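Given next, in structure tokens, is a single chain: the form solved without this ligand.
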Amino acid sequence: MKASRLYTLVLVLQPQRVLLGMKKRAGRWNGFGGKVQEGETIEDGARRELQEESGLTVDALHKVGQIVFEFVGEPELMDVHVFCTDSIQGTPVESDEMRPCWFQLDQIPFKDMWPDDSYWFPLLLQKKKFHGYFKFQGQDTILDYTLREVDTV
């Protein structure tokens, strides 16, 4: 089994809208996140990446899922820990890396999101917790995947 590298993903989910970020350099909407750094907890890495990529500062995040990504031709798995909060207290800010944008929950921009999001994002919206795994050939094609609802992440 391949080694895996720790990443975070953060979804700001309010009752009628969700915050996504357009990857500027790319072209898909995503939650905010990045690699976990040495010595920080996964949740603290998620808070840090939310601040760096979206400008939002939050004190706490709720873990809602974990997704492992395998890319054909790449040696490592991406082990993505997915977090969610409903509670913010500042405005998102656009950088040269991510442009944050709100979407109503009947307008989730799946056509411009990664293909795996079609499977797990509905579980997140239902307040279900999940474990997923997706194998990709390139950016567009899923060759294999698993997804399970769990009671504990």
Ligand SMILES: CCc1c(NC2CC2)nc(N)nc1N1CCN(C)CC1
Second form
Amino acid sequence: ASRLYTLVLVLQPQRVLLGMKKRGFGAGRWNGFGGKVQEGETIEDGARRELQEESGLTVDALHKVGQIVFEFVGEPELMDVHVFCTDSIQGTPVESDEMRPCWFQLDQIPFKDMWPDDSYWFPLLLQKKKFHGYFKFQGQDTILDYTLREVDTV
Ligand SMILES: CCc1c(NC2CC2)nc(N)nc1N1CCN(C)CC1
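May I ask for the structure of the form deposited with this ligand bound now, the form solved without this ligand having been displayed?
Now the full complex is given, and it begins with the chain already shown.
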């Protein structure tokens, strides 16, 4: 089967907010904010909760921009990551136990220090296109297979 995750990108006209993950899965890489969706909350509410937990930020509106499915070799559950974007945020981002936030100019996104799949689908995010992606990983650095397409409905 698969398990629901969220990822939130705060994308403003000339900059994008990322967080350096300080512990847990994916520590040492910049990423959007998010995590597992809990029983009893919608996917979008889980995305808002994780954004607040990791950054302190709240948002007026979250927009669905993508879905990415991950297979990790030897792991039974696929990860079904629902990706959201927003321009307007409420608050100034602050460091949490999990994330250290930082703004990046759109031509200085730190892909070499992000999950490798981001290099593939982040351009579509920046181009405001909706997308469906699938990435097969062995370990945390090697993409074995992938698919990526633009979609009309996320
Ligand atoms: C570990 C899955 C993953 C990812 N690809 C990994 C397969 C290589 N790439 C990005 N940008 N985020 C990812 N997660 C989504 C949910 N987050 C909250 C945590 C991290």
